[PDB]
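Enquirer: Given next are the chains, with one letter for each unit.
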Amino acid sequence: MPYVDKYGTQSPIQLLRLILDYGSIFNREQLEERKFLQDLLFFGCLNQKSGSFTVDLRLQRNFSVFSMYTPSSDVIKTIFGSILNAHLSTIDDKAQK
Amino acid sequence: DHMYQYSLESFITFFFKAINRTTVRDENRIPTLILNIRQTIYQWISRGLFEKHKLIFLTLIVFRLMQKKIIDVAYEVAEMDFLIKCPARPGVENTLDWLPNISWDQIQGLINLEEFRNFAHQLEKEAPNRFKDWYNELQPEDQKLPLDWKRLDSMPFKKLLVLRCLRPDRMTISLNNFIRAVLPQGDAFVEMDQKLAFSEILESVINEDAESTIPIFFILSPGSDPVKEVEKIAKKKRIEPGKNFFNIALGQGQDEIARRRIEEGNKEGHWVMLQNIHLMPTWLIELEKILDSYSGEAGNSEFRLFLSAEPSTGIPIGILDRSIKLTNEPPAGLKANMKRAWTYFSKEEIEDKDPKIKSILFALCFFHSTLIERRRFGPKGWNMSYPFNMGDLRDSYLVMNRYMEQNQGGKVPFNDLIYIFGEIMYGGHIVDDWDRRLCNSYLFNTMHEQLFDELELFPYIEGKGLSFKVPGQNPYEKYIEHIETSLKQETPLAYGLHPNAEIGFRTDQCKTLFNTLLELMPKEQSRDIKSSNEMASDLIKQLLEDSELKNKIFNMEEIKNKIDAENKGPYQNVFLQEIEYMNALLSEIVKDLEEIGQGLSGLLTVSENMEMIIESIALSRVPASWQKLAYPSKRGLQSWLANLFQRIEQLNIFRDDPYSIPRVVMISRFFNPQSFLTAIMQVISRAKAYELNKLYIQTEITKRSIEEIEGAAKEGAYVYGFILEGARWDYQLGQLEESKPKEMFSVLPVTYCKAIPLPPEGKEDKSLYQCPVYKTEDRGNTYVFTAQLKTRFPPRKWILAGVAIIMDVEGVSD
Amino acid sequence: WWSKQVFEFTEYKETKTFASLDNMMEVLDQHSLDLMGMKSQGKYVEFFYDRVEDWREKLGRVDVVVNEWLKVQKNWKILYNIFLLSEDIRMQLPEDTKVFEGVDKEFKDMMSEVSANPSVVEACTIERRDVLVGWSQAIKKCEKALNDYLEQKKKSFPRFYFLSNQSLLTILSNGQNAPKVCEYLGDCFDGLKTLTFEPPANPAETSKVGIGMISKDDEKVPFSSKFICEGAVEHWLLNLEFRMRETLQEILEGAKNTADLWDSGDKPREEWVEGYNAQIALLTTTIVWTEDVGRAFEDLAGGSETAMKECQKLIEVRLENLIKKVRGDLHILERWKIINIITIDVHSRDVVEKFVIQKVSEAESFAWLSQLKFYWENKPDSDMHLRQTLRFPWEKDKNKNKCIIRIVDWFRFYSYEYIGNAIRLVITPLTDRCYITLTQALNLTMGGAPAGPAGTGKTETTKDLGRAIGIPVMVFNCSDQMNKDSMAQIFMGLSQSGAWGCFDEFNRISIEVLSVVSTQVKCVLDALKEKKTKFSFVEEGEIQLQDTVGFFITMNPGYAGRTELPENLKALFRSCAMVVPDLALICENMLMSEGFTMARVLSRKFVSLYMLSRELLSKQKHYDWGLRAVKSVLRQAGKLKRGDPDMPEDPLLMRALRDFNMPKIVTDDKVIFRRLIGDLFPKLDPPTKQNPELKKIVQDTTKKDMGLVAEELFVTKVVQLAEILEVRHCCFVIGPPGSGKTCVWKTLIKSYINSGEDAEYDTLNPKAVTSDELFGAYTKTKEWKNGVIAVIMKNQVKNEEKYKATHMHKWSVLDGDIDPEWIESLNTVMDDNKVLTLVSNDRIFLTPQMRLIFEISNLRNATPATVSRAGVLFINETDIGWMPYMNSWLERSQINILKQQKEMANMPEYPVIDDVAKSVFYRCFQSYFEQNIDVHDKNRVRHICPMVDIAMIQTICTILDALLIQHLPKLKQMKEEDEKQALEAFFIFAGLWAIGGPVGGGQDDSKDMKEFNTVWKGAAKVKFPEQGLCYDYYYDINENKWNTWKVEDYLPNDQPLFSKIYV
Ligand SMILES: Nc1ncnc2c1ncn2[C@@H]1O[C@H](COP(=O)(O)OP(=O)(O)OP(=O)(O)O)[C@@H](O)[C@H]1O
Ligand SMILES: [Mg+2]
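Protein chains in written order, with my numbering: chain D, 1 to 97; chain C, 10001 to 10814; chain H, 20001 to 21063.
Keep in mind the hints are simulated off the structure, nothing from the lab.
Treat the hints with caution; some may be incorrect.
Said to hold, decoys possible - Footprint (simulated), chain H over chain C, 3 or more residues, beta carbon under 8 Å:
#1 10266 to 10280
#2 10676 to 10688
Unchecked claim - If you want the ones that stay clear, here's a sample from chain C, every Cβ over 10 Å from chain H, calculated:
#3 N10112
#4 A10197
#5 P10387
#6 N10389
#7 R10394
#8 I10430
#9 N10551
#10 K10568
#11 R10663
#12 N10672
#13 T10782
Idealized CB from N, CA, C, for every residue including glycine.
Kindly generate the complete structure, drawing on both the sequences and the hints.
Expert: If you want it as structure tokens, here you go:
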């Protein structure tokens, strides 16, 4: 969702790639200082059909991809069914069904 | 077109003037006033318009009177939309021999109209007895059809429509005859202001209108001076020695002098002529503000401002509006152009010069003259528009003049002089180099040893019967008199073009007058029940969705998997590259279609480019984004789709047995033809044992038709869909010959393409003629390769005729 | 701020000055802006306006006085500097010099008094402002008087008009100091940059005695005798302008006498060329060429057929003999002194070839009259006094041979200007035709205009024509800032001194100022037709006219914002048609430059390859088929030619073209391109050349310290990169999104370390950081901060870890997506010239041992020009593969090395892989990717984002890692049979999930899962229970039953927020 330029490549994303591989980030104050970064982990959360459709394939390679699937009858009924059953039982012994 | 902007205020003064000119005293004032207004406004605008546009504007006025129904005419609203733009409809392969295939496709648009629904079947019945006979007959618009079509020939509009569709060339002439019948006192509108010439118009227009506050605007073409005509007229009206009135020419620094002169002019009352107004674009914005201040003040009576300028962009709209516009165009003709060439050269210089030098100068004047007449023809002619001035002819004389003064008694070198005329004098204009060879033909034919003896300037003239020769040694005054008599009538044949090449011009002329008239045609009939642009786009979309476009797209991976890639060929490489381009086109047009189709029937934002595509479909022009993809060949939208599916058909036969090349290939239906030719040479280079660079492709025309099953002939590649323009290739003779008069384009038979090493040295053969092939009829930087073919006539004849090969002419069967 | 603000005086030796006023000035302007508006607008402010308005007036007063010194000090500085150190110019205009000196002393005093006062505006008051305005007006008068004096000097010397007024002023000021004047003659003339000088009698004095002249390239022409600088600057410079010509003329008489002698003489041609100068040598070549051809025509009138064939044969032997001389090591000045001759003798050979083919046996045929002929003859019936005007003594002598230049009825003397070995353009049938048009225009005393597209370099052809003639050529560029007055000065100056005027981008001129140019030009052209020695211009009538002057204007039809020329002007200038120079004729020269005997035949073959290659190969942005790429391929081939001259040319060229294009070319195009090459040289068999020392050390370093498998395809790419770095300073390591592009350059450095010495590399991402901040820009405060690129350039030279002391090869790595805005700042470094441009204008020069490596996925944002500038290298994803990672992971050598030698102390320990376990994993990886087409099939498996093959392998490995550590103790306790099942199971589970995550998108996610469930369900010997997804099951070591994921029954919580509640 960070703003994409004319060239179709995002400045904030490209920085993260420099951190993942080389492990050195140049601080805008004292640009001579390497400022090496260590024991850092990054956990992505990407929404498709939102801002940029796809991010850079060279970053996406360093990340292990995972997908949340769209809601299902079996998935919804187990999630919400357990919330309501716990609250409706406190209301009345009836109206659980 | 720019600078045709007219003010509301100026129109209102002309409109009122027309009312005051009416002398009728309420007997038939209301009728005669309307008639007088039309005349008054038309003549004002016509002066403002160029010769070519004057016709276009008269067609509007009558169609707009017809649209609103101010005069009673027999027409249909659907039929007027069909008249302005005719869509070529494919489907029927069966035609008549004499009728062109393009004319038949226009008739399939005529069939969709209810009045000419039964016309298609009537046409088939006694076609050769009646329609062939009528088609063949000249001035067909006056000739009545013998198949009980007298009823269509009574009604002048309905007749006019049929005449276009059958014969495009006679439309421009027939229209004038139609205009005269429908419009009241129309015979006076056709004559217009041709009887009065120019000098009489300018004397009249100053006195009758633009007395004060309305400055007069002149638009001059090259070789025309407005100041010479106005000064003569200026002297008769009032005493003009050059003191009272000043003919101030606009230069840099002289803007303050012109400002002082115009300021002085208003309070004094003397008129002021300004020249070269276009030369200072900053001062026109300043001048505009001065004119607006003086219109509010209202300095002295009988004051005018004349302004003369070359037509250009970035002229202020405000000035062009308020000012009356008057255009002066020199008489357009070979003879009229030759005459203007001799008038330019000073009488007293030519008399001094001896008979030899003045004789060769004459032949040069002609050479300069003929180039301007070729410029009028698009593809068949030059292939490109190049500027030619009198200064470029003068330049060439001054060099020639020196060469005669040095040689003296010793014979003059033509060989030295001709190179200069082709490579320098008229080389400077031509960059393309294909036009240069044509340019040298005219030159080579005009300049030779026998020129000084009486010799035909027009090429060959074997059985033409013009008999126009260079004048023998005589006094200067006798040269012009002979020029005027011997040129008499101006024809295409004079330049070296074929008669059918003139018909083709009236076609190209006719077509432009309707493409302009479509834009000009206002309010789209003002509703009422003709199908909207978005409906017409939806209908074409439905036809494309009915076809399996998504199926027609070829997955690259499937085709690559079928090929082993060890036994792969150069042919196979070209197709793979070609089908990729097609996939990229076919995916793009389906994307643009399914997007615009969704935008019509679904609530979604409509992009600017998508509105343009909808507009382009209604007009039935190929879209700009689509045109950019694939081939650069211009066609109709319905023709393009039919042509595209024939391209797709050529790739479908490739997908099944790719390794086995088809016996007959069609170069007319490729993305790059050149790419294919490089391929056929590559296959030969493997089989043979020499460099590919050394091998040149050499076409040889074959008498066999497509029927022959013989394919993949060793040192060979078959081709078809080549079409020859400006000539006919006879099968029986086995040679190029002069074209049939009525047949515009001559389709070539099965072409055999052999690769063979180049000659060690540059060798010129009289029998072999080098004709360029072009992808499109336009022939503008679409050169692919030089084909060779055997001709009994000299090559010089054919390069002068302009004869070339075209891939797509819209004369392709089925 | 203002009540206490100030202006420190900075001494200018000796005037206190207001420097840094602008910083105060801007603050004062800001105070005036808001303060004046607020008082009038504010209702509360309106009540106390009697205060803001008085303060606002004071703020307004300050600005006028502040602008006033700036308008006076700068202009006073300039006029004062004209008076300063110019007794010559002081005595010339006494009335103004004295008035000015009066004003300067007053100004120096007033400024000192101000440095005593507080606010300048408060000190300025009104009376002071009026006094300052009067002083400024008085100074202006001095400038006007000085300007009139400059015009008189401009009339005296033609070169001064071309020279900038700031330079002109400097020269007039330093009229005594000769060496400073000679510095600015490089701007006036085509060559003659400076003059050599005899060391003077007293060391304080600068030398006057000129022994020789120095070119722009440092070629020395010695003068016959000592040239003394006389008094007046214009007077000794005009004597120098003539002494240049005199000396060129004096040597040519000796050159032509020795020219006849070398032919028959034992001394070779190539050795004679060395002795003389680049200009005189080239002329004397062309002179003895025309004599030679003239002797061949006279023989063929006799009847000897061989006369034309022998002249052909001779010209073709000298061309070959000279071609060997360029191949053997020479001096860079001597290169072009010899290569410019190669470019004229190739044309000469093409002329005589063309004469033999057309069979032209008569002299005074057009074909001979057409060619640019040079004649060295004392014509006893000299028509040259009629054709042009006699200017120099030798032209008027008529006892000594003069040099004449004949071409199509236009004969004009070789004017002897000094060009100093600038490169002659390649002669082509278009340029021959172009020379005809321009010469005929001059013959008719009117202008000659060549019109063509951008990149034609028409201006360069018109210059090179005047260079062959030896007339000076001046180049003017018009940015639509040209005025009537500024233009008139150029035309006035051009007419005074015989000089060809070529206008660059003449098309983009204001139609107003153009209509003057047409009147000015017309008045000159009208004078040339009359041929008058003196003519009368519109203003400053009395000017010396010279017939030799000619005006050339270069229009571009396609250029945007084109203004149509007036019909009157169009008639004056003869239009010529200009086309892009043929790639065969340029390539032919470049091949003859490197010393190929068969160059001609190869050139026609070479061009044909490249032209065919563009059409048949798929359109790639990284492919460069331009002339700039061709030269960089030839230069590499040329070093290899010089190495092995005895080897034939066709087999050598073959090997070179294949080698350098292979890396850039993709695998699809590699097969066709190899077969395409076969067309050109079918008989010739190419042998692949690889350096064994470089290949061995790369293989050894990669096993020892990189812990990666030295694959035959991988090592070839590293060797190919190493070659590219040697030839090309700047290189692009382009490739696909997921490969080992980074590993390839990293492996090369560690190989250079083992090879020679340690090689520091400074990695950054340019795209990531802002374009301005990377290169570095000025802040609000007037202070420049060092950019990230800019500091590495300072740091790498000295005073850092990357310092050039002990390191043989250093290079800065960049791994961002190339952009036209970002590269534009670096486009100076991209070019062959090793110059760095910054906003500060600090000059940094790239060392020969410094290299640049760019690493990009897509070259789409990059411009086609940018691709040409540097040497490209494409790495095919399939050629590297993912196997080398997997092999490095199973061996753990890669992983082991990273832990040993990194600052990453907190790194997780990877499990120990059993020899039995390794052999199962190796077989399983290989068996599941190669055999299954269904896994890699786009149709079968639908990904959300386009995951690269390498990326999915990296996830399998990291999942497998954690699964081994957890169950390591259990795998040892178990038997090898159930362990072999368990390790396969672990892989399947890990594999499933490593490709599971990426699966999604479409209309229904469930449909894409079921398709993926089906194909993966066939996971060799191991099976999944029915009526369950592969995801839902995980492998249990103890059970061995693939037990489905157990979920914990949700427990109610008292959390108010619903987003906090997690089921
Ligand atoms: N011979 C080899 N065998 C196996 N793995 C290798 C080998 N050489 C390199 N690798 C690994 O392959 C990956 C290549 O990383 P690299 O950054 O070079 O990829 P890239 O796609 O070119 O990156 P970028 O998109 O940032 O330019 C790394 O994990 C590297 O260690
Ligand atoms: Mg990387």
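Enquirer: Is the Cβ of C:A10197 more than 10 Å away from each Cβ in chain H?
Expert: The claim holds: C:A10197 sits with its nearest Cβ about 24 Å from chain H, beyond 10 Å.
Enquirer: Taking 10 Å as the cut and beta carbons as the points, is C:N10112 off the interface with chain H?
Expert: holds (41 Å)
Enquirer: If we take the beta carbon of C:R10663, is the closest beta carbon in chain H still more than 10 Å away?
Expert: Nearest chain H Cβ is 24 Å from C:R10663, so the label holds.
Enquirer: Would you say C:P10387 is clear of chain H, with no C-beta pair closer than or equal to 10 Å?
Expert: violated (8 Å)
Enquirer: Classify the label on C:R10394 as holds or violated, using whether its beta-carbon is more than 10 Å from each beta-carbon of chain H.
Expert: violated (8 Å)
Enquirer: Is C:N10389 truly not at the interface, in the sense that its beta carbon sits beyond 10 Å from all beta carbons of chain H?
Expert: violated (6 Å)
Enquirer: If you look at each residue in the region 10266 to 10280 of chain C, do at least three have a Cβ nearer than 8 Å to any Cβ of chain H?
Expert: holds (count 4)
Enquirer: Could you check that no beta carbon of chain H comes within 10 Å of the beta carbon of C:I10430?
Expert: violated (6 Å)
Enquirer: Confirm or reject: C:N10672 is not an interface residue toward chain H, with every Cβ-Cβ distance exceeding 10 Å.
Expert: At roughly 7 Å from the nearest Cβ of chain H, C:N10672 sits no farther out than 10 Å, so the non-interface label is violated.
Enquirer: Does the no-contact call for C:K10568 survive, Cβ to all of chain H over 10 Å?
Expert: The assertion about C:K10568 is violated, with a minimum of 7 Å to chain H.
Enquirer: Just double-check C:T10782 for me: nearest Cβ-Cβ distance to chain H has to come out over 10 Å.
Expert: Given a closest Cβ separation of 16 Å, the condition holds.
Enquirer: Cut-off 8 Å, C-beta pairs, minimum 3 residues; does the coverage of the region 10676 to 10688 of chain C by chain H stand?
Expert: holds (count 5)
Hints 5, 6, 7, 8, 10, 12, counting from the list given before, are not met by this structure.
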